[PDB]
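Undergrad: Chain by chain, the residues run as shown.
2 protein chains.
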Amino acid sequence: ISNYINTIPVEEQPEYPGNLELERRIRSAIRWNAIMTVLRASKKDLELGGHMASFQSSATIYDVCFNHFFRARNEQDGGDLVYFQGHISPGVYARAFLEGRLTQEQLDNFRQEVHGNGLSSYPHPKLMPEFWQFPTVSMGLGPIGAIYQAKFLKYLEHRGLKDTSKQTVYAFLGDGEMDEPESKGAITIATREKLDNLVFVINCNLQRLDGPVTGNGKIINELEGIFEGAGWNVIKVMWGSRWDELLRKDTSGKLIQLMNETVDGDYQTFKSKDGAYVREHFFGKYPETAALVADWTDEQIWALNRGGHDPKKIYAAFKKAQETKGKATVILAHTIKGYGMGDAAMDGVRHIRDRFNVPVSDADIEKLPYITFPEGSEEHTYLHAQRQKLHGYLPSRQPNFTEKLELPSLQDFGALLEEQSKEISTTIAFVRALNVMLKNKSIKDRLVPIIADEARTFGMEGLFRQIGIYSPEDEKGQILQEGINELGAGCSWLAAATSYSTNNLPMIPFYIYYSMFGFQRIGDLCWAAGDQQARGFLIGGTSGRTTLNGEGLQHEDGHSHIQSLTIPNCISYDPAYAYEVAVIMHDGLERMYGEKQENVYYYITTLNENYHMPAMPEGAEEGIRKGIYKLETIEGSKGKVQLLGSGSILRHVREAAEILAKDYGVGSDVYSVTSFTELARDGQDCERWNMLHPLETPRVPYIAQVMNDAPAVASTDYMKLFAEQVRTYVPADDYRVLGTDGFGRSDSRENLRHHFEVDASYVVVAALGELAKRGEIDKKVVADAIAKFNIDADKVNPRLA
Amino acid sequence: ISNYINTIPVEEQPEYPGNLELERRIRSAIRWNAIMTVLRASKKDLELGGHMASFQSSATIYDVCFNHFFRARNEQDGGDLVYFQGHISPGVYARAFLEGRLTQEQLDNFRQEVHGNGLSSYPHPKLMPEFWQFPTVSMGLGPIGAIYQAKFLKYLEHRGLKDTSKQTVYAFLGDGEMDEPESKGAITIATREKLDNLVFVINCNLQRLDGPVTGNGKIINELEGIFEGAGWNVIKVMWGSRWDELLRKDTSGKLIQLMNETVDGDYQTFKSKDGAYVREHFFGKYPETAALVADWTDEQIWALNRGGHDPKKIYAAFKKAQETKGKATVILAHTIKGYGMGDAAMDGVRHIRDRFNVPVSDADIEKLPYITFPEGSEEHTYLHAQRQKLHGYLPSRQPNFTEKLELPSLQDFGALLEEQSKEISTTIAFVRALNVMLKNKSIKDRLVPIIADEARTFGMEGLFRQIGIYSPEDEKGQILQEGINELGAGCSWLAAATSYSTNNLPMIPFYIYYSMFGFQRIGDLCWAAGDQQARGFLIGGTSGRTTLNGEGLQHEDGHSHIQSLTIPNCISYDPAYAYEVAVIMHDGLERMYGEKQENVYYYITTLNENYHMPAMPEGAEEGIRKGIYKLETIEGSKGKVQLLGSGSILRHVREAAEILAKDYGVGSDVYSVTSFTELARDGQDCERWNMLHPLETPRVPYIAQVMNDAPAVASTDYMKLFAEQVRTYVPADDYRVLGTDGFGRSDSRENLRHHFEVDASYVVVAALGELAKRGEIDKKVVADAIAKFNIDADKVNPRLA
Ligand SMILES: Cc1ncc(C[n+]2csc(CCOP(=O)(O)OP(=O)(O)O)c2C)c(N)n1
Ligand SMILES: Cc1ncc(C[n+]2csc(CCOP(=O)(O)OP(=O)(O)O)c2C)c(N)n1
Ligand SMILES: [Mg+2]
Ligand SMILES: [Mg+2]
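For the record, the sequence lines run as chains A and B.
Heads up: the first sequence runs through residues 57 to 401, 415 to 541, 559 to 887, numbered per full-length UniProt numbering.
Heads up: the second sequence runs through residues 57 to 401, 415 to 541, 559 to 887, numbered per full-length UniProt numbering.
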């Protein structure tokens, strides 16, 4: 930690290149318009919300960047990737409006988007696909997402895919937000990878929402200490130009001492006082300091500003940042929250009008008018001249990539569609499908396999010799190894999954990890990924409650699919066979990176258990993609049931079908459900359409088109709700669902499958139970089966176990 | 960062207090038993799993701690809180067995616990309620958890609730694990809070699973750099005692330079070599360094040890940490991962027994026998004598607290059961309920309100003046303000929620935050909380997709209940009325902290929307707890339906009921469902039991004892699945569910409820559609309703919007 003063002394401060007066004129108009759209929205009294205080404290920081640093998307690259602080959006809208990119009607529709011509509260690409790029409102996600975006840009350059050398990634953060563990939890990575293309801009106004970050301390010093410790280049923008003279005359070094010794809370109090309270309480601390302002008017004292409000001090920091190589830079900008709002945190509106000399007359002020700059005006000319010199306007977004890829056909996955000689798993099938893709000329180098330390666990070691590990094992290595960092890996996956839009360069990521450490551990990023229109593959390996058998409670995943189904644009599958994995992966590739360019990402749970992999039934392709298909029918004269299974449990329901036929003469229709979720969604869509079209013939859910009315039983390696979600659409009178509800524990797969009551014997008992209720068989028949199969009818519900 | 040598010079370390020779015999027997345990498990060929290499590298560190530092639970406090590294559990089980706390059968049942007398793979209190205490296998969670546990202990002392001054929180971490953002993301608060009762002990063997953490770097230096920068006291345990002579006589300072410049990758290669290699490649780098070992034999050079394996160096570090005040201490212990195994890292184990001189011939080595110390033996006596001096054995856990609390009665919440004067929200109801508890002499001071910055948003700012904010706003403040740090707030919540077991001092936490940032953002911690048997309240404020209307996509929560239902021991509720909030909170209090001491925690979603709060219907209490009750029946001669709602949407379902009655002559039964999830679980439990007892009287789902068979419609502020989960148990032919599937966006509550097709008009159309389907009404009526209510039947599915 250094002295509590600017990192760059005036003598080392470059000359400011812009017209300060004209820029203030433009900046004031932007400030006014941002305040007007929020105030107009609030006038509606519809609890719309929207912030002003924050943007007021950081407007000049952004202004300097828009005028002299921010490079817009161009023919060569996607420009600078700016992670705009979420709640300062009204300022971004205000500027875009001034630039003529947004209309007054859209501003008047701030936070009212349902009808089409509105603006989102925050940066939401899904909602404004041609405007916003990075979802930053969920604090903490922006800093880490930006770190890996910067790393990914280096990756593209190192892999020879794209020269991203002219791009800088800017993460605009708040000091309070740095408390989120993901904000500083990964900063050493930027040092390890020498991310000199990443700039953290922390708005240090010393306050969070309900108070100061650390009133009894100095967060700017805490921030400097840890970022410096993490190897980052730290630039503190503490004081404005007015202080330069005071510090130079400060021969006793007492001013610096006073500055150093004052804590955040104190500084914050002076904030609400006056030029005399300051001189008395701040400067008045030491005669050496009090004597410095002795010859100063209380107004000249109160005129001393924080560095984050001085274009000159701001420019110096961003310039130094862009010059620095070898490591990332963090700019700690000292600002005043709710700057120039005084009374705030029509008299107040008149105050800011006067305060920033806004060109609005007394006659119009009540109309809460938006200000614009006429073509031909100095402000209009300058505003656009600065942007054009920087490649245009930002933020802006391109929803689809331009190139045409020559994707592998399903037949290219032919070997995976055949019966397998060796017993393998769906994970081995996944890796195999990856290899098929690695042979496709068009996308082979666009593939981005991602691992979080463990590769051997997922049988990925074989890929290393083929494509290598990115290690700028060299800068040309293709696989991203992020170590024990699921969030960081997800952020690399996200950068890769959105490269098609950001850099107009489609990249296809495949991140495989322990399924339990997916949505459960990085769920907020997964939701943000949906917002960012990520197109990629998330592979939840070692999935299923009873399949990762020895690991126990914090590893056994019987619910990730319940978490994944909450994301609208995530397509989830739980295949049982290798050929299903092939079909599913081929379809995803086609949908996401083929002509369709569907904004959806995939989640496929794969297993670590080997078993016989049969050949794909001819014509099963569509059913596999839709989520279900009849595997086969077993004859039985004494009854008929329908059996459903997915993942590693399907082969157990298949065994139950043979037992049912063999021991009870009960035949059955056996279905492989590759996706209970896609089926549920299809069912919901049909029922929704039916309800909205009362005069039309009811549409039939696909699952109802595939199944019949015979009593049905479903068993899965996930909690019952996974299969129970399609009940409404199952055309059978009876539908019994078996599942792995309850906490996992360590055992053999056999003991776990019996414990969670999802094995063959339970499926059989469940099937017999429905047939008995129908009078097709006697109840003593099921009571005997229960005894026969060594089933404890009275053991505690596994959910409670 | 400092030189790559021990922090404590030999001339500064204290005399080792223990019997080194006796201690190594005991340590060797533990190492043996740990390996035997894992080897016998693998022999079973059941894919059970289990690690050995990690505990081998940290064995000596734990040994010194067990012999001279770890305080077991005692009459005065819970002893030292040790977050044992998850995968080194076999070593903990090995010592426990040697202490006579575990049986051979139990060791023989390592990772086979489904039938009882077995051992969990990792620290899981839910599975081993009297042994383990803190779930640490999900890496990254142990470190944040520990920081907040230490802070909570300080809190108990400062609040005058318990003298926790004699307790130390030890977090045993892996160096690879430090890559998880949660690992270092919150270390600055240990400095902010001067947590000198916290010790992070990182095993620095330089390797994660599949490779070194930073092959071309120095993680120990990286670690030292950021922790030192964060204000922590860093103690490096680099080299064993054999290095002291070499470092002492090296007047040139070249050995340190060599040590400093050598990277992690090279140090690791040396480990796979021999003395000759080291002499040439390491010492041979410089003449001065070559000269230090020139008079040494290759064997003597090969014997040079890493500090973390030297009891004297280890002891010095822990003793010094014990003396450090004002801040937390990190011990960076340098170790060898595949430490004795060497070649490994049933007879090849004779190499391990040889090197550690284990008493067992190669004749009984294939039998993999366990080693025990007979009562009276020098080893047995020393083992127990050391533990007795430290108050006993650990880990150990007490499942229930001993004291009896005088909980508030439901009557105490009587004001909340009456009709409210003004329109309030369920969040205002929650705060009012908290106030009732705050008047209870028994639990008022055991309450732990927790917020993450935002308090005003949740109307919590009023308790700020009565009970204060913890700020060691003073050291007696009751409210924990954790800033913008949901994970941290969650860890404080967990520490509080488990104080009943850890310190035999029940504390009742109430953590309120934006519901979207609950399970979605800290879901892995929530799962671990269940594992840790947390008893507390999670309050998801500003919940419901359409109710936090202006916030949009990353804030509008219509799925947290779908995430919360995946946790076995989390009880979820979505109340609509203030009296329901009261009944639920009181019941939760009684269940968790009353004589029942139920191991469950609560999740209640509350709202920021004000509306009329009616009085509780007489006798509705049990129904509120169970999940559903009939609000009222509206008469109608033209038809009859059932209408269900929860949270903010219930009042719109009631409006629909009036419309149907008044405009269409359709009568109805209106139900408020406080918990669709609890109703679903009850139904699942009933059918499970039923099918398991086929000849017995069938149990009827609670929801089927409330609803009848008229066509039903349900609507809530959550995705359809939240209400559809009870389908199987609804005693009706038609059960139409409306929901908020799809990403959120900004608009008025009205516009959002129409967009998400969940408002009164949609409920009416859904109900009429069901009747038309039964011919009880013309389809034209439904079509005209759709027209009247301005419903766009061809609007895109909200899930896809
Ligand atoms: C994960 C998450 N938690 C909470 C919030 C709610 N929130 C909005 S603004 C705010 C405080 C902002 O403080 P800071 O990050 O210091 O930025 P400032 O507005 O002062 O520039 C909070 C907590 C959020 N957006 N995301
Ligand atoms: C969140 C999480 N991700 C992955 C794993 C799987 N895992 C088990 S051991 C291991 C590596 C451990 O390395 P380190 O933390 O350096 O400890 P060491 O075993 O070397 O002492 C990993 C990634 C886990 N337990 N938790
Ligand atoms: Mg701030
Ligand atoms: Mg390690």
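Since the hints were derived computationally from the structure, they do not count as laboratory data.
A hint or two may mislead.
Same chains, same names: a pair is fine if it fits in one copy or spans any two.
[Claimed, not checked] Heads up, simulated DSS-like pairs for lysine-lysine below, C-alpha to C-alpha not over 27 Å straight-line:
(1) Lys682 with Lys881
(2) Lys383 with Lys368
(3) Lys724 with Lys310
(4) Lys716 with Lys376
Undergrad: Are the hints correct? Go through all of them and say.
TA: Hint check:
1. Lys682 with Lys881: between (51 Å within a copy, 21 Å between copies)
2. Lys383 with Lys368: within (24 Å within a copy, 39 Å between copies)
3. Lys724 with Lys310: neither (97 Å within a copy, 87 Å between copies)
4. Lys716 with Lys376: neither (65 Å within a copy, 68 Å between copies)
Taken one by one, the earlier hints fail for this structure at numbers 3, 4, listed in ascending order.
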